[PDB]
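If you want the building blocks of each chain, they are given just below.
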Amino acid sequence: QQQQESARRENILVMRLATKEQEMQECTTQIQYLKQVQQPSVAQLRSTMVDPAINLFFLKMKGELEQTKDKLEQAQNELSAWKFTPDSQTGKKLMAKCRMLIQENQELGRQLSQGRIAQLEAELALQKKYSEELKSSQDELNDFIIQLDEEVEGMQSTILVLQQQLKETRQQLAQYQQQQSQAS
Amino acid sequence: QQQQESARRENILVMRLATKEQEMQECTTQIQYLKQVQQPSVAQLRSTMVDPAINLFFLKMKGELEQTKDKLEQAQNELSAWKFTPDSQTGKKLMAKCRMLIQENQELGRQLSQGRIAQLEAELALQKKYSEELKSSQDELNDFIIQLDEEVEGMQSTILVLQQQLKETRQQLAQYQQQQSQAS
Amino acid sequence: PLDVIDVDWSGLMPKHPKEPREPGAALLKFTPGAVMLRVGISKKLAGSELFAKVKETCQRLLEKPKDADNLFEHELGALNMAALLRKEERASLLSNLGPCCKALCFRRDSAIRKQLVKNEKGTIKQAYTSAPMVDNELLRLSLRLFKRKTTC
Amino acid sequence: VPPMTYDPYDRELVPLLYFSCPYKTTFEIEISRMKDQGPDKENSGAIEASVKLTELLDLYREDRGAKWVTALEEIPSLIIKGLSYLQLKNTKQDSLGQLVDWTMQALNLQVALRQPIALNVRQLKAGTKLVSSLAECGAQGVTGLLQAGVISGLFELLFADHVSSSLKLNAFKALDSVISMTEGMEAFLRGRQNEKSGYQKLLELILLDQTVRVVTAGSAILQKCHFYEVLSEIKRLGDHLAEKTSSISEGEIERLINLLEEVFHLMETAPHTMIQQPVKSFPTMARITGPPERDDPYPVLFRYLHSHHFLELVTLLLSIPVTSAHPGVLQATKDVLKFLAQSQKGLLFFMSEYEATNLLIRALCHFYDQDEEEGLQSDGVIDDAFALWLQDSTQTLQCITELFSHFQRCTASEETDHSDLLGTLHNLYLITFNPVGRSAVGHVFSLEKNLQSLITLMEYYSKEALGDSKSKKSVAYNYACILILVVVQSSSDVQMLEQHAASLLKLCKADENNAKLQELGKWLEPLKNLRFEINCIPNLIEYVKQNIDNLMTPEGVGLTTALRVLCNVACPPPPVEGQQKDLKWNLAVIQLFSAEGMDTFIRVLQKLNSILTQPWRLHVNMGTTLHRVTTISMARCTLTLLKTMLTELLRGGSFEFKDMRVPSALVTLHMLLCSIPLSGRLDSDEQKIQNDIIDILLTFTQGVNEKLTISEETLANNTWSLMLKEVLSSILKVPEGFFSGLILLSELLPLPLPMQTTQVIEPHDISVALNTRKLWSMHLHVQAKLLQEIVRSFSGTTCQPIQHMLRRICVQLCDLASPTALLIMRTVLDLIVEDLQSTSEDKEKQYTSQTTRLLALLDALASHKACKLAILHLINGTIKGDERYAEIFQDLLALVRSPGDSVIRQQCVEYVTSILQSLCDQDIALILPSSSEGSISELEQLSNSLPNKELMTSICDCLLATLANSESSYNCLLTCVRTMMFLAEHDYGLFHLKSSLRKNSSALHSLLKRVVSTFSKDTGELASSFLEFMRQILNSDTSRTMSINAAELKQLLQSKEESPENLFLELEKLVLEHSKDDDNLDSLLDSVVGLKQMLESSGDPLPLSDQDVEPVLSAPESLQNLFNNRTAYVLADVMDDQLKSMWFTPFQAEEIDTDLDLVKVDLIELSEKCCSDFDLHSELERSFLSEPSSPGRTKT
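Protein chains in written order, with UniProt numbering: chain W, 64 to 247; chain P, 64 to 247; chain V, 1492 to 1643; chain G, 333 to 579, 619 to 1409, 1428 to 1585.
Just so you know, the hints here were simulated from the structure itself, not pulled from any lab data. The C-beta atom is built at its ideal place from N, Cα and C for all residues, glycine as well. It is possible that some hints are incorrect.
[Claimed, not checked] In silico EDC-like links for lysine to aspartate or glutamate, alpha-carbon gap of 20 Å or less:
id	chain 1	residue 1	chain 2	residue 2
1	P	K125	G	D1562
2	V	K1520	V	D1558
3	V	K1544	G	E527
[Stated by the list, open to error] Far from chain G, some chain V residues (derived; all Cβ distances over 10 Å):
id	residue
4	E1513
5	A1516
6	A1559
7	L1562
Next up, chain W with everything else stripped away, as it sits in the complex:
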């Protein structure tokens, strides 16, 4: 019909209006962000501390300072290495530092060995085997619980049957010794 497609196009138009309204709402929220009347203190902090110029210059100065510091480290230790003689105090302490460094490097290479990784994987496989053994014990234990429940139900049925037998024979013997004590 004519009003058919007329209302269909009206639906498409209100769809476009809704999506444009969503975009306008997003832009309005972003305005409320950018035109927020923030606290004086948070504005103070944003302007003084996270200002990109001051912050980037701080980065550059820290980097240059640490570069110069490690360069001075390199130069000073190279000096003390030129001043190295085997029985010097700095000499003994330096070869001892290198020796304990070799010790620590041997230790670290040991803790990273393929032998240590193999022992750790063996322990992990052993623990996984133990956990699946516990799961198998758990299945055994579940079946034991099922057996116990089935047999207590059977025993309760047996008790009820025995109580019925007992009541029957007991009332029989009672009525008998009663009505036959009635006979002289």
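Starting from the structure of chain W, add chains P, V and G where the hints point.
Chains P, V and G alone, transformed into the frame defined by chain W:
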């Protein structure tokens, strides 16, 4: 029915959509201005206000950078003076090895804490904990099964006593009938 | 200067060396007293005699005469359970932290401090600082609806 | 055309249409469906049951044999369909009555023992199942059972001897099915007269030693009985309030608040303590046995909440002025409503009580209006928009019903209704414009096959318009696309995808040219061939690891899903009490370590902050709410994964985790997300992110035993000390991270002692609270060299937040133990002594505004217990290198006793006088004063809380010279007379005050001349304090054993030959203040006429005594001993104001914000060539903002 007023609603919806899209364009230009205009140039970059704490940071870093640079130049001038000695070359190679070990030891310590061995020890501890929790709850399930089997043995004792009572009352009825049929 | 410090090392969580359990000691928290403590009973619909008997069964399970005679002071059941849970939570506020548990932090310490300042009944009363827009039309509608529902 | 503008509260709820009520049982649901829907051919499955059900009820009318037992075993499968058809067809021989009598015959033990062996207990079990299936049959069936005596019938099997424990579990299931109806619960709580009630029978049954699962079922019945009872007491209190307000103690209102929080806490732990566990499920601490299937207790907690009109009660409580005024009532009822609105059942509860829900939405929206109408709503009363959230949640579920029940109509007919479908989709889309409305839409479609609505809508209109458009755009298809896109984007509970990830993907594959459907496909990519189990988290980790490069990028947005699905299936929900731990949450963590997870979550965090760091600096701050919600969801999910991994690894015994990428990435993610919120207060999700960051940073403080603290070699390499290094050395790294590192280091450290308790803390817990602080101090004294740099760098700043956070840390971190206390205080004192030196020599000290800020820090520190004693043990003069501290204190005293006249020195003298006041205050100490016996003696509590002899002499000299010198300010004189009032409370302080008055004898006289010379109505406070101090020296002559009479007091006041008439001046002006004003003048002339009556009581000229003996003080205990024996708790029912001062934001508009920022003009460009040659800063800074201004992955 008629399409006139519905098409009128359609085209006024179109003009509403045009107004909304132009408001959205205004919002986009406004947020672009608000978010991109702030850029500091040499004009303000040469008259930046900084906190007293940040200025003290800059002054401390400048001062200690100057001191470290001075000691650095001094040490590197002293480096050019020292002449080649056998023990000096021994110390040079010794401390080259010392540096390389200083670097390799941290490169290996980060592997020991972020690599395969850390994941393996974590899986191992977690599997140990999982198995210990599974077993610590299977112990409670074993105590509850002790409860159930005590129930079993109690019901079995009751079955035994009821069976003895049924037997004695049944033989009592048999004998009382065999007597009081000829007597009573 | 800057005095030498050492710590007595006793805040670690209990059962750390984990000495093995006694056979038949997992059904110890399922005795009548231990169950009634976790559940709590109500005096107004358990009766006088039965409430007395249950409180007696619970008392001889508690080892602290303070808590033993502070048992079940409310007439509601869930309120008794909540009072016991609050007693145990207050007792466990500072007991589980330190060496082998996560050390104290600002959030957790603030929480346990706001817990310590709460008296029993578990609440510190807030003072009025604001009030809603009293729309007595809404109040009339609410009262009418509540009464209608209470009737049918 | 629908209104594209949205007023959220204009639409209101109507009765449910598609989803059955949550409290209705299956029988009632079936009978209502067959009633209203009429005689459909769904009757078919009914009749073959019904005619069968009546063929068993007419075949065993009086037969009770084995065949009857086999019929009992069959009846429960026919009561749902059969009995309902019978009851609604009104073909009634009272088949329900015959069923109830069958049930009473079956539960009978006498009838039971007359059966064969295999099936005498089968009859009892079948009668139990009959109870359970007939109580779930409406008021009709449950009252039929109750009248026939089912409670005292079930309590025959439970009390009989020699009965299977499985049969008792069955009888308990039957009893839980009876009392799940409110008629049953009423008959169970209040039994017949001259009989024990069901509750009393149950209590008597538990008091016999029962099997573990039997007493657990008893506990599960008792918990539900207590819940019903709490609800009944709430209903009683509410009806009381209704009758009292129609035509109220604070005690009963606090009781109502307690009952409401009790209802909340009972509904929270209900699926663990109110359900009947299966007969094979034991209550072990970790579920290992029995079926996994449990039955949720909410379909009966809602029957209770409905039979007691709980929503009407909360509507009243929120609409009645006296109770609504309480914040406790609002918060406690909002807890319950927010819990109800979490689940599909609870959300259908609100829509069943649609009238009560409308009125409740109104009563809740009134609060959220007045909140910003009178308050500012950032740190006062909390605002979470719960009114709007609940309105939009119930509205979107109403639209879900209107959208489901439009496909129950197009398959029983064909489409004659399209416009209402489209209007529903539109009113559902408009809700997704807010962030709260969008969160509610994403949360409601994420509940129990609700997403199936839009899914089947798109499956329909993809066979009608070839998807998007065949000859018509089929706008409903586009609405459904947008909706199933916003729910996938915004939801964080990703369980909904578990069953739909297939369908949606097919949809995403059925239309490859739809701009929204292919984005949805990118969102669902990690769910191709996935199963949401702990065996496929290796695949999810492989996905997160394979395209980690695309994080804030629309082509790697599906990674977000791969971190929600991976947080849904591997992170246990926050555990509630009474819950038995499931063991898969262990395996889910093991599999989360096997497939490398510590690596590919550290990498997620690292790339997350490497992406966010540039918009953070450029102040874009996650603008578009879509990108913000995805980045917050990704951060929170990665943090939850890391938190569960570390807290599950580090609890499995004492383990040591030294990755050191986790803290270095977290102290940056905190800076980027949680540190500087432009609102000045963290959000909810950002607060959760900060809490997760602090928890992960604290999991490095576990596993620290004696064997890890013997030597400084094994202490500085400990995991605690490594985390502390990565947190501290990340504070002085970049000025952007200053405030973040501070607001984080202050969340790691514990609050300062003493604890304000209502009751005593047993010595073990105070020992633990002392030892955890000793341990924090032991681990901080290795980073002492960074703590000193922190308190040297920020001390002397004008940024109010950083200043306040440093001022807070220096109290938290100074109260841990003696070493760190002396560390912080030595640093602050060295800082002030090098600020007073290094600029002054051969002359007086130069005081600048840097000195002013430094003294302000020292002041606001000295007013705390630990910091003040750390000052005292440095000024005292026992030199450990501490001579300069005593010298600088003498220099500060010289400053105050000779202020000169400036605006800087007149600003520093008030700070040093506040210092002096905090030093001479005995209510500020580690050993707090207490006249309770068995404690420290009074005179030995001042030897450890006041200056020593030669320091107290100088302090009294200074406090007098600052009164004599009339150049002093007003606040200075106020704090000095306050310090004098403090010192005038004991013979030590008063002896020194008098002995100093013997040198400066015109101190109080000139002070009184100052009081009268510049008196005003605001100056009255100084006069009041001075007259209080005056009385405090004569109140004893009509605590201390040595005071002055009125005679020599007035002699000290006697320096003018009109000083009595100076008192007369004060009097005549005092009555002349207003006589038009407050209680100032009458109290003040009371005091001063008392003083002048003591004046006339004696002759004035009397020299002050000299025969008095000084009360000597013992050696001050070493600061370590004071920190050892410190008051760890005080009996007070209110928080200390100093502790309460640490809870509000560090962002204060201006109360610490200095009017003189001393912002030093610095020329940055010249500071390049003076250093090593560096880039032109203009180029570097313009490289960042030219093109890339949108949030997320940008140029740099």
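Hint-by-hint comparison with the structure:
About 14 Å separates the Cα atoms of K125/P and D1562/G, which keeps this hinted pair within 20 Å; it holds. Distance hint between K1520/V and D1558/V is fulfilled; the C-alpha atoms sit about 18 Å from each other, no more than 20 Å. About 18 Å separates the Cα atoms of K1544/V and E527/G, which keeps this hinted pair within 20 Å; it holds. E1513/V, annotated as away from the interface, keeps every beta carbon of chain G farther than 10 Å; the closest lies near 16 Å.
The claim that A1516/V lies off the interface holds: its Cβ sits roughly 13 Å from the closest Cβ of chain G, which is beyond the 10 Å cut-off. Every CB of chain G is more than 10 Å from the CB of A1559/V (nearest about 16 Å), matching its label as outside the interface. Every C-beta of chain G lies more than 10 Å from that of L1562/V, the closest at about 15 Å, which supports listing it as non-interface.
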